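Visitor: So the chains spell out like this:
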Amino acid sequence: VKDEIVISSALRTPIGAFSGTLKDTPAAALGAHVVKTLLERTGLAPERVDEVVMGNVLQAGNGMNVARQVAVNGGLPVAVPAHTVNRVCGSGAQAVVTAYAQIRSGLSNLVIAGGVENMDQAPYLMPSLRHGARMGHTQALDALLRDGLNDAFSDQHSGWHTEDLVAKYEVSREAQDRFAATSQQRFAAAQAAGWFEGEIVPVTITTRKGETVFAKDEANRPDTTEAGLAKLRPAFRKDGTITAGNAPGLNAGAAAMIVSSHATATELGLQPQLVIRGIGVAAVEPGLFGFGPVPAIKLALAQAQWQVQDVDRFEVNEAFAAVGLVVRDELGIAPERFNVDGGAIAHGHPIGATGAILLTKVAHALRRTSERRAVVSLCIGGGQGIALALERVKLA
Amino acid sequence: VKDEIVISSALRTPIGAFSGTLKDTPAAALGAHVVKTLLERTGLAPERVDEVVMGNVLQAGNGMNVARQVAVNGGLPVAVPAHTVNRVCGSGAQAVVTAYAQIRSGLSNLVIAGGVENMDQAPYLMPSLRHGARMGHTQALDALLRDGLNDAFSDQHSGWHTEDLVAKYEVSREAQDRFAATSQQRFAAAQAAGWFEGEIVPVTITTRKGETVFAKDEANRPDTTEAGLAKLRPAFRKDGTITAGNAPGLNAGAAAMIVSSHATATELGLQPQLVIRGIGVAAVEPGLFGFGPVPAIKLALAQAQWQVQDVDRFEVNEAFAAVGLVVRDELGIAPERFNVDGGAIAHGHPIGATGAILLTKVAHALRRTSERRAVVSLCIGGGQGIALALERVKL
Amino acid sequence: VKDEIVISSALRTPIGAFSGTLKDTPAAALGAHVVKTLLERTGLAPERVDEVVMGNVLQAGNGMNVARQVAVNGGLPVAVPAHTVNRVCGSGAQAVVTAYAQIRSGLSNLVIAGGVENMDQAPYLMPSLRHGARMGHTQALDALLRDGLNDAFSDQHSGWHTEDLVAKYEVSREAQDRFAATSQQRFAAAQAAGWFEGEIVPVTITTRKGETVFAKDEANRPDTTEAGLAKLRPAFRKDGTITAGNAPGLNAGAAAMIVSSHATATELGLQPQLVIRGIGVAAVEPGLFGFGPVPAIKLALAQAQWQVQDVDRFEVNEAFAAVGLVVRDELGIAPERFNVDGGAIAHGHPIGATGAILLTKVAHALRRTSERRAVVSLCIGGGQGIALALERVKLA
Amino acid sequence: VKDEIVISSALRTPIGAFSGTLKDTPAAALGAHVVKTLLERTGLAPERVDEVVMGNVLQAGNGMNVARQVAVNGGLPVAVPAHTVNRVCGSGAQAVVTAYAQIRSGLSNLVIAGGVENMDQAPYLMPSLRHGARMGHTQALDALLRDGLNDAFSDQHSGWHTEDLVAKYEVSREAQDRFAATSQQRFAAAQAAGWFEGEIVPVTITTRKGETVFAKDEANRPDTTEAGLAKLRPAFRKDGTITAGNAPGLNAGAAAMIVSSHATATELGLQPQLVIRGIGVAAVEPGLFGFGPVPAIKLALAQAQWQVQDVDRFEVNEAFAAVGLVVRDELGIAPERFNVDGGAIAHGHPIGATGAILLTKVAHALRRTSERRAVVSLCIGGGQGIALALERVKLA
Ligand SMILES: */C=C\C#CC#C/C=C/C[C@@H](O)[C@H](O)CCCCC(=O)O
Ligand SMILES: */C=C\C#CC#C/C=C/C[C@@H](O)[C@H](O)CCCCC(=O)O
Ligand SMILES: */C=C\C#CC#C/C=C/C[C@@H](O)[C@H](O)CCCCC(=O)O
Ligand SMILES: */C=C\C#CC#C/C=C/C[C@@H](O)[C@H](O)CCCCC(=O)O
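Chains as they are written, first to last, in PDB author numbering: chain D, 2 to 397; chain A, 2 to 396; chain C, 2 to 397; chain B, 2 to 397.
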């Protein structure tokens, strides 16, 4: 058990809205700020960090190796190596899985793992500029669609594919809007109660006329109602059910945490928040966007030797309200135990950071509630799912 | 021995030149072709593949998750998960290290790992197109520079930084050109002897006029001489030493291999080529581009409990001739044991595939020569190094 | 006197600000709207229009032959030919000079002449996209700079060259700012008195949420003060004097008028506004941006057999406050007779339309004041000037 | 005879192929070279040049006022004014008409008129780059299509519209290919006989390894046969008749000449080549691309008091073989008098220069053959036509 792998000091920036407060702040700078703050608050000797692993999906234009920028600009010694992982919308949780594997295999003793993303900062791409278009009009591609949200096999948006999940599982528009309004209401009430203050580190943004201290999530809509959501038009198919109100936005943020054995965390005076009891990574047909969390959660629960009913809360990414409903109802999870404090429809989905954001949220929620067992899971894009089974570590 | 981690069936495409035969073939398609060929030749049951891990540096414009495209278009079942790693010029070796860690930690039993890159296919980037340039001229950035070759902290080319390595270690232009000419001569003789045929899988490219069967490396320059290299102008600093002739090109290629325990490989009827005996990952100041292999090799050798003199061959990426000379000389390696069959100055440096290409090269060279111990190492970009200590597995 | 060449029915749109009300309305559409309104108000038989000539500088992206689009989309019969002229910032006056030449040479009897511009609608240019950039970063050029405001020989902005005019004529910063503040004051007072209502035709702009009727100039800055202008930084040279406050903006608009002999105008029931008594086109060194009006005015006055002191008002384009001061003081024009109702620093400089706008302003101002003699003149860019000497025609 | 308007010293570059020898040489540099050579060969006193007028269609990216660049870099004194005209594919002939109107109206006494174009050098346009694309892919437009070859009302290529002319006049594919093969054969034989050497001025192109002297037209295909043309696929409509072999290419070149009264040319020691006896400019429905030369020719002939049978040769631009056939057969012109030495299918169509190239060709051909009367005409784009009726002037 001393060899159990634990997460300590999980922290996140607030999440920016599209064209919002973080629109001019690169993803790697958001990560560097979290890492700098984590080092400050823990007092961890920076030389005890063996590697930095960061998730980031839209690497275009972010410069050589985002994770190395996070590490060096986060103030770690230049001797700390770093690399960037991409499992699309699961990347921030993949970074933690990568850290687990490096610790259990003996390659590292302590890793800073997390993820970063800023969708406004994703550039446009000009595939014909290197060797020429020659004659005739040519296209400039939005990288957030080409590398992040469109399926690589069909070139259709993930939301377009999710309409086929909607049809297969008969998920009504009204159920999606009810779930979305509930996510907004749960999130706003938790935010108002101060429940996210412990996990959020403020970022100071410098502008022309001055400075903004960005300290609280800004992308949520607390006035959302089922009635207002029913006014909206479908976003991905003319006859569809998915709208801008029952899907997350295009967001920016970062989160990071310390991954180590429990023995190492105790030795260094850290306070572990969660032990990783199981990991699942699964894949399905790419067109079946949204279902991957079901087999991945089953794998993670098998490794943990837990059943669904043993779990106090599930935190499953709300890539679309439809995905949350399908996963919840396929696994038979109680609605009061699913995305308890709201999810990405409210707070935003900064794709390569969201898995780390969900781990951070669970670390702090279990501390507050004294719940013992949680599962974090995300659909990937391209037909994959990732899940972690997590248990609270008591305060020593 | 059961749980030693081994590499089996390492294979690679030939390496394309800049603006060359592979210029219209995406990196993910190159990887898919190697993986399809690997599955066909080994007869490995596709359901035994637990994950595909691919290195790729210039992910811009390649579509969602290059590794998943490699896996699915390589013909693996959609149930095989996949993810893409980026440790810059070490990414293809990082994929193998990631596979090692997944197997030793129990997350996987068998992984297909490798790397892919196509520098011609890297797009240009327009940072001001989303929200507008408003007024005044604006820049379109070459992604291969912004995301691959320029340092992220200084925005200078890696070759500009390597001039400071050259100055610190007093690496003469004459020695850089001697090393580059030797790499071309060694590679040309090995290619003519057929020494790369076993590791290469041909790729058929469909063009306007018909089909080209691309079957052998095309980027080397057998016309290279030291006298010719001495005439070239410096590429990165006015009074510099690094030129287009003592640096590799901007290349395309892919390589992949099976990583598993030795017991799993024997059970499934594979023929292991190499056992991973040590892994080193190190970092230094970003400005000291090129030195990273020295500490990384020392880490890998310490894990293997080998000394430099025990190693039959070192395969260290020739990111510039100057880097090869510094690493060789600082570790005291004999020149006949350093990049024995030539290196990237001759064959090319498709950045995210090169580490997997070098592992492939060593797997086949140790089989041919019966040498026992090798080290593969690459500098990263950004001040890092990766190294693996590798031992031949008998037939 | 029957064969004298006259201007009738001069009209203009209001002038839009940069990123303002006309930002989505192409220059050719602005011209079409003026031409359609001119035809409706005059009742001119459309078959009597022999040609349409329009000035336009930033032709990039406007589609084949802007003048033909203005004519056809303005409702003229397809049998009316049309062509587009470019003498940079003098293009809208050049269109009238071209019309004069076609009528006096017998090629035409009646021409609709004017100019159009919309600086927001100027695209960016990618010179390397056709045949490729190959390797290394490449530039996307702002067409308004490449084709409109930068000198073609030096690639420096016209405002950079004007700093040498400032140094040659010892034009103080304080005098430039006084001239700019006075232009704003004169314009704001004339606008409030209703003096621009007769020349302006409103344009209705359709948007997502509805419609805007754009009916009055929007680019002026009536709360400009000399003290506020003194705080601004130089725009073109570190140690310069020209700023954003003593130069016009980047504007959009159109203007058009009928040009014919006097006999033809009377025959067709038009009411001539001005007779063209002299035309001057001159050129000087490109680096001497701003001086061209001086020799051009002298040529136009020589043709008209007038002296400077015979002229009731000069309307000289305020490309920069410094140009207005140099031209006024070199010719010895009384300040109360120079840009009497304000100029482009206040109302805007939609480059290819401005010459037609100034002719329109003078036609209406002389009608209102009963002044007899005026001169319109503009510097061009590239070291040229254009001028017309104009006399009021009494009502029939 | 005194005040008749004459053309002297007409000269042209050779015409470059698309992606050919002139691909790196701006249009304005081609014109400056012709003007410099014209001044050197005639010995004309540069102070006697009153204006430079140049046609140019694809002005995007060519810098401020192409005609002023031609004049200044051609070595004329900076005191010579200049402006650029755009009547699409008739621009180079429009520059001569503009010069005629300025001389007859008394604005000028001697003008250098011509046209320039380089289609390789036309840039791509990015309409969304100024104010952003926000989200989603966006288009980069080829300026040669947007501003030169596509109709401004339909956005279809001029060749697509010409398929309707083909259908209206029942112009068979076999006839189009016969006309195109004959144009190639006539051009190749005339070129081999040396008949274009007198009008061409060589251009020296500086390249990597050294210098190329470009001295002869390169875009023609002397091996063209009717049987080879029959194999080609239609270029503009799937069921079409127009192919890359019965249409011109995308070419580069320049041409210029001196325009003055006959008395002025004699006074200055020039040798007039042609007198302008009639000018016609006509317009028709835009969709009837290609028919415009018919009414324009009729107007020019009426001005000259000539009929078709009085004309020794017609030089009508081969915008497509179909256009040449329709114009020839509607006017009843003898086939051996229509495009006698070949036309643009063979030599190329550098759009803004072609009208000036055709005038140059006729000036030299009439001198060689002692023919007396010729007509030059071009379709415009957008449903217009321009024509000039021209008579040889004897040597003094
Ligand atoms: C791994 C994968 C995934 C995914 C996803 C998703 C979310 C899509 C929402 C996005 O399309 C949203 O509707 C955009 C609204 C932007 C509106 C604006 O321009 O402000
Ligand atoms: C991880 C890092 C790295 C690195 C490196 C490198 C190689 C650079 C060589 C490249 O600059 C080469 O000189 C380009 C020549 C291209 C010439 C052409 O346009 O054909
Ligand atoms: C023929 C020639 C000319 C000319 C001229 C001019 C005016 C230049 C003013 C322009 O540079 C102005 O300062 C631009 C301000 C725009 C600020 C914004 O982004 O809103
Ligand atoms: C004013 C008007 C007009 C016109 C016109 C025209 C000519 C079009 C020929 C062009 O479309 C040709 O097909 C282009 C071939 C280029 C092929 C290549 O890429 O090399």
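What the hints contain is simulated information worked out from the structure, not anything from laboratory work. Hints should not be assumed to be uniformly reliable.
As the list claims (entries may be wrong) - If the Cβ cut is set under 7 Å, some of the chain B residues that face chain C in the computed set are:
| no. | residue |
| --- | --- |
| 1 | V2 |
| 2 | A61 |
| 3 | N66 |
| 4 | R105 |
| 5 | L332 |
Where a beta carbon is used, it is the ideal one built from N, C-alpha and C, also for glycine.
Visitor: None of the hints should be skipped; say for each whether it holds.
Guide: Now for the hints, and whether the structure bears them out:
1. Taking 7 Å as the C-beta cut-off, the interface hint given for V2/B is violated, the closest approach to chain C being about 18 Å.
2. Annotation: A61/B was flagged as interfacial toward chain C, and the flag holds, the nearest CB pair being 3 Å apart, inside 7 Å.
3. The beta carbon of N66/B comes within 5 Å of a beta carbon in chain C, closer than 7 Å, and the hint placing it at the interface holds.
4. With its C-beta approaching chain C no nearer than about 4 Å, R105/B sits inside the 7 Å limit, and its interface hint holds.
5. Below 7 Å, beta-carbon pairs count as interface contacts, and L332/B has none with chain C, the closest being about 19 Å; its hint is therefore violated.
Of the numbered hints given earlier, the model fails hints 1 and 5; all others are met.
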